[PDB]
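There are 2 protein chains.
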Amino acid sequence: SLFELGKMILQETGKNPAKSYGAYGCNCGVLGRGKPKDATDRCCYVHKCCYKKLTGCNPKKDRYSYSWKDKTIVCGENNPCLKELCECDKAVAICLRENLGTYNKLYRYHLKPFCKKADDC
Amino acid sequence: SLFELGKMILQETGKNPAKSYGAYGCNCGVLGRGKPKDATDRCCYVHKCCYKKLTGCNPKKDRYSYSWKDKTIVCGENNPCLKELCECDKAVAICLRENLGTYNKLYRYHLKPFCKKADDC
Ligand SMILES: O=C(O)/C=C/c1ccc(O)c(O)c1
Ligand SMILES: O=C(O)/C=C\c1ccc(O)c(O)c1
Ligand SMILES: O=C(O)/C=C\c1ccc(O)c(O)c1
Ligand SMILES: O=C(O)/C=C\c1ccc(O)c(O)c1
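Heads up: the sequence lines are chains A and B, in that order.
Residues in the first sequence are numbered from 1 upward in steps of one, following the authors' numbering.
Residues in the second sequence are numbered from 1 upward in steps of one, following the authors' numbering.
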């Protein structure tokens with residue numbers, strides 16, 4: 001759920017997730033996907049495509065278990081859909097950390113209606 | 001859908017909805033309901049309770065038509081769920097504008113896990 005996703009983002013990037021990633025570019029936050037603005041935005045694009053493959057669980061509401069081990073996110077067994085969801089969330093947090101160097105505050109609170117259409121997943 | 005909601009909020013308040021209301025207090029944004037911190041927060045509490053009562057449509061995903069007429073949000077639906085959804089959204093947008101006078105930025109990115117339990121809807 002959003003609780004685990006936000007926690008993972010905080011753990012990997014060190015940033016308040018809502019402020020930095022709650023609405024960034026065309027893909028981070030609500031309102032689905034759009035042509036990404038930069039690498040950070042592309043992380044969220046991939047993340048949203050990852051969510052589409054999920055079958056049998058709700059990525060927003062369903063909580064799942066994971067551990068912080070050797071400073072790595074380790075997804076619990078959970079069940080197949082929840083493990084897959086956990087893995088989607090883990091990947092986006094890692095991707096956001098790797099791209100922190102080009103994070104641009106101008107894309108914070110980017111008006112998502114002014115995004116071109118995303119390609120299909 | 002969230003698109004119409006965000007547009008209404010912008011139309012009523014004049015404010016970028018993500019920046020001002022994407023994570024405000026215990027109820028504005030994602031992660032359920034909590035005891036409201038102030039009037040702005042209480043608008044979002046009422047909104048979430050409004051959504052809870054809906055049957056037959058998806059408040060997040062389902063699009064609906066509305067118009068801007070004499071600077072008033074005018075819902076353009078006869079389907080009972082979409083009409084009620086539109087009115088839910090219109091109400092929160094109006095409420096947020098009406099409570100800009102007590103809006104407090106200290107409640108932006110309020111630590112949502114640490115709110116008190118909301119009264120039942
Ligand atoms: O949105 C802004 O205009 C600036 C706020 C901000 C931007 C970057 C940070 O790392 C941070 O803690 C706060
Ligand atoms: O995608 C990868 O594999 C690289 C990033 C990485 C590298 C080390 C870690 O412990 C981790 O969680 C992520
Ligand atoms: O997204 C917008 O609407 C533009 C940015 C913006 C600039 C100043 C504000 O006070 C505000 O809410 C938003
Ligand atoms: O416009 C105002 O009345 C006050 C300033 C203001 C308004 C909205 C913001 O998100 C912000 O950082 C500052």
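Careful, some of the hints might be misleading.
No copy is singled out in the list; a pair is fine if it fits within one copy or between any two copies.
[What the hints assert, rightly or not] Calculated pairs, SDA-like style, for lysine to any residue (alpha carbon to alpha carbon, straight line, at most 20 Å): (1) 35 x 90; (2) 83 x 51; (3) 117 x 62; (4) 116 x 94; (5) 52 x 72; (6) 60 x 72; (7) 105 x 81; (8) 105 x 77; (9) 69 x 54; (10) 35 x 57; (11) 7 x 116; (12) 116 x 100.
I should point out that these hints are in silico values taken from the structure, not numbers from a laboratory.
How the hints compare with the structure:
In this assembly of identical chains, residue 35 and residue 90 lie within 20 Å of each other by CA distance neither inside one copy nor across copies; the values are 22 Å within and 29 Å between. In this homomeric assembly, residue 83 and residue 51 come within 20 Å of each other (Cα to Cα) only inside a single copy, at 12 Å, whereas the closest approach across copies is 29 Å. For the homomeric pair residue 117 and residue 62, the shortest alpha-carbon distance between copies (19 Å) is at most 20 Å, but the shortest distance inside one copy (29 Å) is not. Taking CA atoms no more than 20 Å apart as the test, residue 116 paired with residue 94 passes in neither setting, with 25 Å inside one copy and 30 Å between copies.
In this assembly of identical chains, the alpha carbons of residue 52 and residue 72 never lie at most 20 Å apart, being 25 Å within a copy and 37 Å across copies at closest. For a Cα distance limit of 20 Å, the shortest separation of residue 60 from residue 72 qualifies neither inside one copy, at 22 Å, nor across copies, at 32 Å. With identical chains, the CA atoms of residue 105 and residue 81 are never at most 20 Å apart, being 34 Å at best within one copy and 38 Å at best between copies. In the homo-oligomer, the alpha carbons of residue 105 and residue 77 never lie at most 20 Å apart, since the shortest distance is 35 Å inside one protomer and 38 Å across protomers.
In this assembly of identical chains, residue 69 and residue 54 lie within 20 Å of each other by CA distance neither inside one copy nor across copies; the values are 25 Å within and 41 Å between. In this assembly of identical chains, the alpha carbons of residue 35 and residue 57 never lie at most 20 Å apart, being 27 Å within a copy and 28 Å across copies at closest. Proximity of residue 7 to residue 116 under the C-alpha cut-off of 20 Å is restricted to the inter-copy arrangement: shortest distance 18 Å between copies versus 30 Å within a copy. For the identical chains of this complex, residue 116 and residue 100 are neighbours neither inside a copy (23 Å) nor across copies (32 Å), given an alpha-carbon limit of 20 Å.
Consistency with the previously given hints fails for numbers 1, 4, 5, 6, 7, 8, 9, 10 and 12, ordered from lowest to highest.
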